[PDB]
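Asks: This is what each chain is made of:
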Amino acid sequence: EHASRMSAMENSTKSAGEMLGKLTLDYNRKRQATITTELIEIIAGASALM
Amino acid sequence: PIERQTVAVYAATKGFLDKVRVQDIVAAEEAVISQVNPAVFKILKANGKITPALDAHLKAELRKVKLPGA
Amino acid sequence: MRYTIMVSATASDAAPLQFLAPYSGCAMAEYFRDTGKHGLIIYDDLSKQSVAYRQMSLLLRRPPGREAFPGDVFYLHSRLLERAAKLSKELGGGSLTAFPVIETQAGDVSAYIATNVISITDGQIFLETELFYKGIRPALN
Amino acid sequence: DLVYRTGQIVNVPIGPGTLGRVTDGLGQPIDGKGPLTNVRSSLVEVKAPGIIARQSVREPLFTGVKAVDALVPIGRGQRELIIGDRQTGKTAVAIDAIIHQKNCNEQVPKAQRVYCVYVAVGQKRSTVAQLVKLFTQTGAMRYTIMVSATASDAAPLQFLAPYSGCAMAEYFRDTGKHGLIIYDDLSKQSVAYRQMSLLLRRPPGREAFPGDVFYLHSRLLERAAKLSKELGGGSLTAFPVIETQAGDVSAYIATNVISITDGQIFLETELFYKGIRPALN
Amino acid sequence: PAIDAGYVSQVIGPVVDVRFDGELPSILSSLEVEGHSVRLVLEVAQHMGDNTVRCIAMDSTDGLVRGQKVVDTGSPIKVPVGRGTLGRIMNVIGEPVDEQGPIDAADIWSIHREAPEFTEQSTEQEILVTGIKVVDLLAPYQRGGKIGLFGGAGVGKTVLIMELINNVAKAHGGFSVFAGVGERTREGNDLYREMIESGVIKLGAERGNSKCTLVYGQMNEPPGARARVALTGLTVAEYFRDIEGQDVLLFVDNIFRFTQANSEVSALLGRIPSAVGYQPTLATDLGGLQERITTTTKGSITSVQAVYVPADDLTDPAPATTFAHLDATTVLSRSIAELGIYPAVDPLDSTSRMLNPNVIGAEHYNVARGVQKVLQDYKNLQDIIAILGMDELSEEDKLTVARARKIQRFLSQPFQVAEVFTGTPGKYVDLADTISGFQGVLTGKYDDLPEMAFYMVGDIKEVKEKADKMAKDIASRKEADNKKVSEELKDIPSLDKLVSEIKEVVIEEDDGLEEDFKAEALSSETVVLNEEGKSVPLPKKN
Amino acid sequence: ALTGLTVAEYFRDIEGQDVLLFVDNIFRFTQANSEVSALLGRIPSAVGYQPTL
Amino acid sequence: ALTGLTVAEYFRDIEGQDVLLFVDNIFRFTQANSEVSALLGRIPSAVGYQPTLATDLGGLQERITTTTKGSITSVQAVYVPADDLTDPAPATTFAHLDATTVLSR
Ligand SMILES: Nc1ncnc2c1ncn2[C@@H]1O[C@H](COP(=O)(O)OP(=O)(O)OP(=O)(O)O)[C@@H](O)[C@H]1O
Ligand SMILES: Nc1ncnc2c1ncn2[C@@H]1O[C@H](COP(=O)(O)OP(=O)(O)O)[C@@H](O)[C@H]1O
Ligand SMILES: [Mg+2]
Ligand SMILES: [Mg+2]
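Residue numbers (the entry's author numbering), protein chains in the order written: chain C, 266 to 315; chain U, 493 to 562; chain H, 282 to 422; chain B, 142 to 422; chain Y, 33 to 574; chain P, 262 to 314; chain L, 262 to 366.
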């Protein structure tokens, strides 16, 4: 039981390291998309005035 | 060339390389295309298909190649 | 339909007709509030009035804001939904209760028009699409 | 400064004198071998052939790559995307196709040969120079045109270098011969077009790209067609290359060209570093 | 002659400004530029003031000079409509592009209509069975309703819309219209050669027995042509609905390209852009087009539209606007397709107004909501199964996982149009075979069978006949030792004379590309035009 | 919010008293200045507020 | 960084040598060209970089090459913003890099 738990939790660190590695990517895609989207909202509001 | 790719896949999908260990398959297919006589590639290129005449001479020529290791 | 009025500025109508149809329908419903009766107004797709108002304001060349909405898009819905009241006895005692409908995108309640109408209205009836598929209908969170 | 009009829409030299020549994004040669001799000028911006002008893709284009010719087979007239991360073998699939056409052109008859165009958009000028040395020491340069708008060239030159090279490749399609065009990093052509659009103060859309960045690549890739029998029957095969970031193929330009081209060759970065080369997903 | 003729004022890509000295055309009026290389039709979009209209070109504007004569047609873009358009390909401005001669028009209709009024709406929800298991069960299609196929570039919404053409258009008695809007021209030639082989389109003297009109504005066209070719495709369908009284099928491949091509245009019309970068008039442009595709009291249009979601973003403003215009959405998922399940339909994102127990019967409805119940319960377990495995679920939830892993293979189905590139033949599944088949996986009648027996089969008969074949095959490893004996003398000659019966190809040196080549003499220095218009070299100054 | 603060500043300064000022949603002071901000002709700052927030 | 290349290009083109060129934080080259582009009123590209980001980097990095007379080899210290390699400033820089030397703590 202690040796199947030692292997079922090695399978859980890499499953929660593959899940974390994939969530780090789409956060970074949503991070870059946020800085692009908020900045396009500022230029569109400044080009209406300038 | 496409006629030497299809013989290398015929050597692998049929099972003529099952004895070869996975470390030496890049050496095995290089030994397949070199040791199988080059007239069988002119048949497969010109006929454009593995004809039922040709797969017999293919399977004859594929059992007499010296695969490395194994 | 004996008790119902239906105001419908549909999708083919001009953008100032969909912008004005919550106000047109509220004025029809305020007849019952201002005469001692009770009204019930449903602004179905109040998320689509704000898009129609955004089209007018961007084409009147008013400068855009959050998600290119006008700055006064809170006041678009706050002055509409404050007209739903319960009047006093000296004004008849009539009432008007409003059901604005807002559609979110992937459950993003933090959207711009959704943030405004949540802070304007009294209650919320949140309907989640994952509770809808577990058999819970109405999908009330 | 005085601006003179030349009298004609934007044109490049097309013809049999373009074979063997390295060329910038506008037509004029950069390899230092003199002007283009046996050549004539045609437009870079031609409308693609219509519905009747095409026929079904029937004939195979052998890449010489085993994982391509077995698993992802490519016909003459097709547009096939090569998509993957940086350094996953995207150029090597593309330049194995050009080299293999040199081997096949010496055995097929005259009207079955494939003439290649390699458009290098936004590349290093050294990697373009190391590529002409590869195509010369192979003998592939006899059937290859090389268009190159490198990373130091101006952004209108990188935007136009695919259209310049397509017009040089549409010479072979329109005369019954067979063409093979490779737009290496079509991702670097939309970035150069995003530069021209934001400097023209056009409203940016998703990922600050213009609205017509789909039409940038759709207009280009629709010109790779298999023509009908009353138009010579010649073809043009496109291999656009898209570099993805961290294997994300739901990006804007990646999903644009996926919805333009016929198939894809996803080169996975995990297989490439596990020794599996070509790293075909 | 001098009046009623404007001159080109300014050219900004696909947007042309024309100044009319005497009298201005109406908005939506179509104009003609004299002396272009092709027929260039401009459509008046805005009155800019100072006697200038702002127009959208229907072909390319390259080669337009700022004085060119533009004449007013006094009407909008008028296309030929009628039974004479059957079996013909038209482009956006009604020209025949199929090289079969002119179109024998019953009428020339304007492509701009008002949508039909409120009193001309029909409230009659009848089912349209498509033979597709995930469509017939979870989001059934209305016989005269608007249908959307939402997809993300490579998930299968052209293969699904071709299977709907394969399944419902032959069984329909009326006329189909295909509006190819902004798609590949290779697919427009694939569909044309398919419909000629299938006899849907007949050429020449039998042209009147055609049942389909193709209208094609594909992705090689400029954005003005892609913005109006959906309006051309409706007008052919609106004639059969209104005048002919027919039941029309309208297939619109990528209605998103209508919205996209209005965004490449509105940047140059001088508008402030709305959210993500689209035009401010997105919802009323799409609502102006989508409200014309209806069932009225004098005819029905069963429209199936493919909708492209731009970067697999369903919250993008162009797919999100389209969702409110449809009776049945079929959202296709990129992650379902990566499992290999085809059609890649999300069962928990596809909806229909027909999935109502008073319309489809309470027995079909209850097994749809039970199928969606266990697929949502499997989705609630998706990260516990990821980070902890299936070993820690309950014994009543491991039955939830195993059943939902079976019905999401059993929603998969092979298509008759995918049989070319998959090899497996297509399966049309009847409606009652789907409702009875999905009762069985819910109740527990098929907990015996493996998961992969349900994958890519038609009926619940075919999963039993595949569960046997999966166990005949693991017994077939012990079957027999295949030996090929004594065949070298029966009919196979040799290898050496098999070389001598190939034909040697005449390989030609000197490739000879100087055949019919004109080779104009490009000189060294840049030839320019001087002030008298002559071709002179560049002067030497800076 | 300045009208009610002026009443509270009279009771503090002139009456000398201790005042309790209750402001329900001081957020709406900043929100209302944003609804007029681009119409006073100033380009917006971060998330959508006026530059003078 | 162009003042540094010019001193390096004299030793490449006139002295005919193999020059090293150290660009300490090539990201601060990118960030400063992003600021010049913003002060000239240009519309920012994706995440907020200059529209000319690939050709301002590319105009620098294409002068670092080996010619027939000499060579210039560049060792460029690379900073990665938010440790995001798909950020357009390292992703554009990584298209020019011929090697990578990671120094670890
Ligand atoms: N099939 C292969 N077998 C062995 N090595 C290979 C193979 N293909 C590519 N390589 C090597 O791996 C590297 C990949 O470079 P390549 O240019 O092919 O990839 P790329 O994606 O085009 O890169 P870039 O983004 O720099 O253009 C090269 O150094 C090449 O020599
Ligand atoms: N029903 C299906 N069966 C098998 N493969 C499919 C199916 N639908 C789609 N595909 C695969 O998905 C790809 C996308 O097809 P298509 O519909 O042309 O793309 P899009 O949806 O982007 O228009 C096809 O090349 C095909 O390989
Ligand atoms: Mg490359
Ligand atoms: Mg499609």
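Any given hint might turn out to be false.
Taking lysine-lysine pairs in the PhoX-like style, the calculated list, with each CA pair at most 25 Å apart, reads [said to hold, decoys possible]:
hint	chain 1	residue 1	chain 2	residue 2
1	Y	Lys477	H	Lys415
2	Y	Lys496	Y	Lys515
3	U	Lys541	B	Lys243
4	B	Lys370	Y	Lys234
5	U	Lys558	B	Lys207
Label pairs and their calculated CB-CB ranges [as the list claims (entries may be wrong)]:
hint	chain 1	residue 1	chain 2	residue 2	range
6	H	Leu340	L	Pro342	37 to 45 Å
7	C	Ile300	Y	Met422	33 to 41 Å
8	P	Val268	H	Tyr356	22 to 30 Å
9	C	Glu303	Y	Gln414	44 to 52 Å
Treat the hints as calculated values from the structure; they're not laboratory data.
Every residue, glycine too, gets a C-beta built ideally from N, C-alpha and C.
Asks: Which of the listed hints are broken here?
Replies: 2 and 9
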